[PDB]
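Number of protein chains: 4
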Amino acid sequence: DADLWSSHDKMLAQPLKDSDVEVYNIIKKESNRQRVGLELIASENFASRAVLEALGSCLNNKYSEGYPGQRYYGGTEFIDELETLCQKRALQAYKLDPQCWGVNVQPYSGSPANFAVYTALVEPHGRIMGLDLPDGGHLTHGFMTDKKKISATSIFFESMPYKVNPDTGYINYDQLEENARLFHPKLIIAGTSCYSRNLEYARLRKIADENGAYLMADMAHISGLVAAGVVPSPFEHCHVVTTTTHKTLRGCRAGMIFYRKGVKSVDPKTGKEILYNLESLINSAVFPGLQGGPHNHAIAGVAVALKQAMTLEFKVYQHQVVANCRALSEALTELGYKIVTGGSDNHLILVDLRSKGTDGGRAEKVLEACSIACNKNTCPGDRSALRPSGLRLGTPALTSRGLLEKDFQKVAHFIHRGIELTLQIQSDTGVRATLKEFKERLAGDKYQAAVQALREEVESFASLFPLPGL
Amino acid sequence: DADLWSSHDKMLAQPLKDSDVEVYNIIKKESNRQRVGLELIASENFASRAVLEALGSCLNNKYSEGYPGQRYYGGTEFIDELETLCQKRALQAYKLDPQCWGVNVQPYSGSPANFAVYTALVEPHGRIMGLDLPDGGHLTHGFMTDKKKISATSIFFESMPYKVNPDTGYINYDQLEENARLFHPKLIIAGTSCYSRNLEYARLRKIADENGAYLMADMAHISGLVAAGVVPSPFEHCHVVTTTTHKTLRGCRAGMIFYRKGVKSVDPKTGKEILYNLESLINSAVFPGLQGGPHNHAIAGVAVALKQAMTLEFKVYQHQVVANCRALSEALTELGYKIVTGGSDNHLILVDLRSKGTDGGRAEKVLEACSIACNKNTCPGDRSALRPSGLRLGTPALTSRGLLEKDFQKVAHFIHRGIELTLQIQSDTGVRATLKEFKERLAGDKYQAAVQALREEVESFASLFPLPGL
Amino acid sequence: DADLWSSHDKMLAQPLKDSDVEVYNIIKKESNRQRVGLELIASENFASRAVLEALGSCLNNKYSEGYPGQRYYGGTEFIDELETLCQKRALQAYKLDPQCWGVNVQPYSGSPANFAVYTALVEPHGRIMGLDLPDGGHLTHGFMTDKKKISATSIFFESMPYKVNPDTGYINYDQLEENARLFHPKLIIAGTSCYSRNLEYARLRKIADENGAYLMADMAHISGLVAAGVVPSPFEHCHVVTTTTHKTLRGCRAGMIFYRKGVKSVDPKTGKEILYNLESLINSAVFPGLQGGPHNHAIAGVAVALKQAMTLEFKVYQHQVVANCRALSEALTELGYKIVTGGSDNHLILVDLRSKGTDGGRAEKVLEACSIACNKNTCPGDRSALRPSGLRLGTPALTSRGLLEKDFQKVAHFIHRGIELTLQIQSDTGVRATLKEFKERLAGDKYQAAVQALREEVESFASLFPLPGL
Amino acid sequence: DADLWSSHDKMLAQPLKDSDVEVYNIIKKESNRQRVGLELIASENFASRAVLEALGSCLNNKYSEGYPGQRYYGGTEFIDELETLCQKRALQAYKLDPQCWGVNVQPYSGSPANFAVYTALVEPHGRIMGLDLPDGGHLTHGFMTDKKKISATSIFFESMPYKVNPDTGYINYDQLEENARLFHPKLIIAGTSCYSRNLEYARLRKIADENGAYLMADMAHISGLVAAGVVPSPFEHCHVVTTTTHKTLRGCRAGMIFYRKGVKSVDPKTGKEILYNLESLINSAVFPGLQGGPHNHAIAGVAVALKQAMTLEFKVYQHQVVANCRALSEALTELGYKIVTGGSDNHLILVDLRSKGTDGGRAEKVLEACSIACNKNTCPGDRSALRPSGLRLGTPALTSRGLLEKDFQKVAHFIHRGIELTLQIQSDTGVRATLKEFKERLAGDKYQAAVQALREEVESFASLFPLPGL
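First to last, the protein sequences are chains V, H, F and W.
For the first sequence, this note's numbering gives the first residue as 6, with consecutive numbering after it.
For the second sequence, this note's numbering gives the first residue as 6, with consecutive numbering after it.
For the third sequence, this note's numbering gives the first residue as 6, with consecutive numbering after it.
For the fourth sequence, this note's numbering gives the first residue as 6, with consecutive numbering after it.
Simulated from the structure, these hints should not be mistaken for laboratory data.
Treat the hints with care, since some could be wrong.
Same chains, same label: a pair holds when it works inside one copy or across any pair of copies.
Said to hold, decoys possible - In silico BS3-like cross-links for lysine-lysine, where the CA-CA straight-line distance does not exceed 30 Å:
#, residue 1, residue 2
1, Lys152, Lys277
2, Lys343, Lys444
3, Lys33, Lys168
4, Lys320, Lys441
5, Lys266, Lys34
6, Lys15, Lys93
7, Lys411, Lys370
8, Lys152, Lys168
9, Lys415, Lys266
Hey, can you work out the whole structure from these sequences and the hints?
Put into structure tokens, the structure is as follows:
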């Protein structure tokens with residue numbers, strides 16, 4: 006008889022290297038690329054090998070729609086031990102009284118986390134106020150132009166941004182407090198994806214209370230810092246805290262929603278009092294509202310990343326983050342670079358390349374060709390969103406490998422040497438000023454020797470450190 | 006000096022069993038539970054070991070917002086080789102002319118896939134028509150009661166269901182065609198999560214064209230079947246096809262959106278013609294619209310699951326699915342069970358337990374106690390959504406281990422023996438008819454010997470087969 | 006000195022005939038046209054001379070925003086005596102316990118009345134179900150095509166019609182009850198603008214209660230009948246009753262909103278009970294919500310028309326309406342005309358001209374040329390909305406002049422003689438079948454003698470009766 | 006035989022004084038009240054006797070749904086001569102090229118006019134920016150609080166106000182231009198109901214063009230002035246002009262919508278160009294969109310008021326308006342009253358009563374008791390919307406009777422004598438400061454002699470002048 010049926014059995018147990026060498030090559034190619042690169046993209050990091058194991062496990066198989074104690078099909082006994090162990094670890098990592106804070110750990114990624122909160126607390130066409138995109142706010146905090154609403158947050162809800170003060174570089178809280186009285190937010194977003202300094206959660210809570218609006222923090226970018234205490238915690242001031250489980254938390258791609266439960270209103274003559282109904286609203290928006298079967302294999306990685314974040318090693322790792330950040334920010338500042346806002350209270354800095362006579366658009370694509378990766382970003386006071394003059398560098402990714410202040414100064418010198426190239430390639434184009442032309446001149450032969458020269462040096466340096474996972 | 010810094014290095018490379026035995030135990034506990042259980046939940050399956058490896062890899066680290074050729078930060082060269090290799094494999098698996106079909110492989114799961122399509126083609130408060138929930142339609146096809154809109158699809162959009170014909174059990178296409186003229190859909194959903202038989206995509210396309218509405222298929226539940234050709238393909242009739250990359254595709258949790266590109270309108274006297282603009286609309290809804298950083302580690306698993314689906318072994322596996330399904334449906338039908346619609350053209354069957362004098366609510370929770378898992382489900386003509394009289398069993402999960410027609414008949418006998426228990430525990434409660442009471446009587450001591458008796462037998466049987474992954 | 010200032014004084018007190026003969030001519034031209042015409046347009050009537058006087062009075066001058074006891078500027082003492090005298094007369098005309106019914110008399114016309122109710126009880130995008138336009142429902146009950154939402158009710162709210170049964174001609178309540186469970190109305194409209202028979206308010210209330218939706222009647226077309234008791238009253242079954250103050254109420258153009266106040270819910274174990282909050286919601290939607298300064302001069306006319314409606318003369322006038330209607334419907338039925346539904350329980354009838362081999366489109370424009378005016382209307386079972394085969398005739402307008410059953414039979418003979426012409430002009434066009442061609446052939450010379458012949462006869466008849474107002 | 010049928014005939018032709026003396030008394034009571042009162046309410050006026058005649062005429066009877074050339078039932082031949090004669094007169098009154106301006110004259114009142122424009126150009130939830138309510142903007146320009154959206158404009162659309170500068174009293178155009186870039190208006194409202202000075206339509210058009218938003222003027226309050234040229238015309242800068250046909254136009258309660266037709270875009274290399282499609286959108290929103298049967302009797306009055314506005318007498322009447330306004334504003338300013346903004350360029354002034362130590366709330370209700378009527382109004386820089394410290398006086402109403410600068414100075418002295426009373430009644434209450442208490446103390450006996458003293462004097466003065474209409 007024709008028995009490829011015992012072969013089909015083999016295919017399900019065949020290892021990756023054998024089943025599909027094509028993606029096995031793509032993976033081991035990327036693994037190499039990561040190890041020979043100085044990763045300065047602020048939102049990057051290298052996930053623990055304990056997280057990567059839990060990620061791909063038989064946990065991938067169980068559908069477990071619902072929540073513990075409200076599952077829908079029989080089999081959710083060990084997936085229940087997990088989801089409650091995970092959200093239990095979360096509430097510990099940030100030292101929250103479980104009777105004052107609940108958490109939902111099902112959101113698929115960060116953006117899906119934020120959107121679920123709006124669905125649960127704002128309702129369609131409710132007004133939302135977040136930091137403007139070019140001033141350092143994430144897409145899901147609202148983004149829309151004269152012509153079209155671009156971010157889903159702006160499509161299904163009515164958003165209006167509040168901006169940073171271009172003279173100082175800090176959030177303009179006075180103008181927010183003022184415009185809020187004209188816009189009437191229902192929920193204010195206290196979060197950023199490219200802000201050097203701390204948020205005045207204390208003052209944002211006052212603005213939200215005066216307008217009758219929820220205050221939700223999007224600590225995705227500083228979740229790791231907040232957890233180690235290296236940055237003041239948004240929990241004592243916010244009604245809801247959304248977070249990405251990666252970036253500075255070194256977990257797998259996922260997201261969580263912290264929501265205060267307990268008592269909300271006083272009523273000093275009514276006797277009885279109001280209570281936070283955030284638990285039911287948020288959980289009902291995640292499911293049956295927006296998602297389906299939770300990614301139990303992702304909750305596993307989040308659970309182990311949360312334990313890893315409550316360690317002592319993790320505490321000092323985050324302190325090195327902020328230290329390596331200022332160590333870098335200082336080195337560039339000494340070299341004559343304008344660091345937006347003057348410095349940083351967290352893991353990233355926005356350097357305004359107009360102090361050296363270039364823009365982040367051209368500088369980004371030349372550093373990349375040298376195996377040091379980052380991203381452009383508009384600066385407070387930028388004259389056009391098309392020629393952004395800023396680069397956003399962050400430590401967490403590199404410092405996760407072992408880099409120290411001493412080392413990050415070498416990283417700042419390599420960076421500068423990259424800008425030295427950008428200025429040269431820009432002087433050649435000069436009069437003929439077009440990104441397509443600049444993009445080509447670099448790929449041209451004249452500089453293909455100079456870029457290779459700096460590229461050899463940066464990779465020889467990056468190779469000296471470890472790379473968690475492989 | 007205090008050097009826990011070389012220890013922090015160790016923590017990132019420490020294996021799961023050592024870093025966090027607590028979740029390592031939870032995982033190896035679940036792995037065992039899966040192997041000793043007869044999994045009949047229609048939407049389940051066991052993922053390939055090649056998929057589980059690609060899942061947890063260094064691919065987890067790279068943020069790659071955008072698409073190939075429209076990334077935003079430097080580093081997306083190997084993530085580009087992947088995303089285009091993946092969507093290339095997709096278009097092959099279903100044998101679609103790339104010049105007539107595009108695909109987007111970033112959606113986080115199934116539900117996020119569907120919602121992205123509505124955002125891109127329907128816009129807020131546009132009307133949508135999907136199969137009713139209790140008649141076999143997924144939550145994201147629209148669900149709302151007199152009181153509150155429950156599914157996000159029904160919150161941000163205006164939905165109205167079309168129902169199955171309770172006398173036959175088949176979709177009532179005549180009533181759909183009729184009500185559509187009163188409701189004016191903008192998009193009709195041709196998909197199910199609990200339907201025994203095939204969809205008349207041919208006729209649903211006619212209804213949509215007569216009302217000027219997109220026709221989108223949600224083949225999540227039969228993606229594996231459609232790909233092996235064991236069930237007619239919705240691609241020759243639909244404008245968009247959303248799909249879950251698991252269930253009958255045996256991949257990791259993720260989702261895809263197939264969209265027709267090319268030429269839409271004729272204009273036999275205008276000369277020039279209209280073109281499908283679905284590519285830009287759908288891609289712009291996924292990003293920058295609803296999602297953020299794609300889960301490149303999930304696209305890896307989808308890529309290897311797509312190659313695995315184009316094999317010959319996969320083709321015969323799906324044929325065994327449909328065969329084991331009728332082999333089971335027949336056995337129960339012979340035993341006197343009412344199989345809704347009479348049988349099945351795909352991998353699952355809805356059996357109406359009113360033919361044996363019980364309901365799926367009580368039967369579900371007793372089979373689960375016997376280590377054979379499934380889920381209740383309302384039947385065409387059910388008198389109340391609280392006492393659902395149907396169970397939804399599907400082969401794909403078990404047949405993925407090696408079960409054959411011969412074996413599935415043994416699975417049908419074990420099942421029946423479960424209903425024999427349900428009827429007994431129900432006769433004791435009898436007059437005193439409450440689920441809480443029935444739930445307790447089973448956990449009681451009288452039957453805790455009888456359940457254990459049948460449980461030993463079902464686990465001894467399930468243990469005889471493999472379990473892909475470990 | 007140049008004193009055109011005592012002349013400006015004259016201009017404000019100059020009579021119409023002197024100030025602007027151009028509109029004085031237009032008015033006295035129309036006055037004549039009305040007197041020499043057999044007015045059968047169902048929604049027409051001739052306003053009392055006591056209403057027309059109150060209409061144009063110094064009441065036009067006072068701005069009186071708000072309500073009695075909630076005005077905003079000083080001066081509303083006599084405008085208050087009016088608005089409360091008016092709404093007092095309203096509640097009497099329909100014999101409603103003021104402690105169970107409130108009324109708002111500010112709405113500018115009928116349509117503005119209806120829209121205010123939706124704004125107050127439904128809120129944006131709440132679902133509404135009204136009789137379909139071509140089946141005899143007013144525009145403001147919802148109207149929208151595949152392409153665009155046309156009626157404001159359908160733009161700001163989500164509407165879906167319920168249809169008449171083409172085999173019988175009556176509202177298909179069984180299908181409404183059924184579809185309502187799929188659509189989930191929030192407010193059901195029990196009103197028509199072209200329906201021969203009575204509404205089953207009793208049954209529409211049951212459908213609304215089963216779906217949790219308000220039931221509002223739009224008795225604009227039978228307000229006069231309901232008030233005289235010649236047709237069952239929608240007040241014992243509806244939550245809200247909107248009405249036009251003209252048509253069968255013989256008032257000036259305006260509108261009112263009747264709303265039940267009092268107790269709504271029971272709670273046979275809670276003790277306390279819910280109360281109808283319709284008064285505040287409706288009044289707050291009219292103002293400060295949708296309108297501004299009330300038209301106090303229109304409320305004056307409504308007040309005198311309400312007193313006129315509570316007379317004995319008004320009671321018999323309405324009885325003659327229903328009598329003259331059947332007297333006419335019978336005459337045509339005897340002549341071989343298909344009267345939709347068989348007859349009428351109210352003041353109008355829809356005659357299906359397909360029984361004589363023509364359509365209302367061509368018949369309308371020929372009767373008009375003969376000085377008998379009416380309007381086309383689609384019939385239950387019409388094959389295209391472009392060639393409507395129905396005419397809608399109503400008595401109230403003509404019977405308001407003095408016509409009796411005897412006379413209305415002469416009106417039915419004149420009408421038929423009009424259709425005799427339509428058939429001739431249609432046979433000439435025959436093969437070449439186009440409305441533009443038919444429209445021309447009538448204006449042509451061949452028939453311009455035959456139309457004038459019948460026109461002389463109809464005007465000689467219409468001139469014999471009075472014309473209230475001049 | 007019982008013939009009350011010839012009596013019913015009498016009732017329709019019975020005069021008002023006989024049919025319903027109750028409203029005949031209410032009318033002749035109000036007529037008297039108007040003649041013995043100094044009317045300073047800014048939005049008031051006395052309608053011409055030629056307008057009041059046309060108002061109540063047989064024109065009330067004809068239903069004429071649609072527009073000229075798009076009516077729906079036969080009979081609209083003289084109603085067509087009117088509606089096109091009327092809109093023809095409109096386009097003349099403001100000297101607009103008919104090929105560059107269309108007009109719609111059906112809107113029922115002012116508010117219904119504005120709302121129709123939003124429906125036609127903005128669509129639901131499109132953003133609108135109007136002058137804030139307390140800063141001198143009408144309700145329909147948008148009004149909403151933290152808690153509830155109050156104005157229909159704010160319910161169905163998303164509005165955000167722009168404010169007056171409290172230090173100067175003028176509109177803060179710099180802040181508008183700035184916030185507009187954050188809010189992204191779709192339509193900016195250049196109109197006021199309580200603004201002393203002229204609008205910078207020139208600058209508001211620039212702000213709207215920079216944001217891609219329509220600029221619509223709401224000249225309801227200065228329609229009469231604009232028409233006589235006593236105030237710069239918004240037509241050379243706006244896309245749409247809505248207007249009330251009363252207030253300074255001395256017509257009957259109604260409204261109009263001016264909309265530019267012609268060519269909108271350039272395309273200096275495309276050749277062909279875009280065209281203003283405002284005509285179809287606006288007309289389709291009025292009908293079949295929001296309204297029903299036009300009030301042909303109101304269009305008649307508007308037509309005669311438009312002819313009356315194109316006279317020479319009307320031109321000088323408006324010049325006397327602005328003259329009597331400054332004559333009054335000057336007199337109070339000399340007396341030590343703070344006139345908001347310093348003076349007025351139009352027919353009204355906002356006087357800030359804090360310069361005399363009182364508030365408009367208490368002053369309004371005492372002047373009313375003295376037969377001089379006006380309304381309170383918040384002042385730029387008011388500390389609470391509950392104790393508004395401003396009164397809004399306007400000339401047009403009184404000057405319409407014959408008052409001159411000389412006379413208006415006597416009106417300013419009477420006014421002051423009213424504030425002298427308010428201060429006394431306020432000193433008695435003093436410590437015990439409550440409006441209910443102040444309201445009572447005035448109605449009390451102590452001052453009922455002093456109020457009567459000033460009341461005799463003001464009525465003896467007001468009686469000396471005419472009163473158009475009776």
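Violated hints - listed by number, lowest first:
3, 4, 5 and 9
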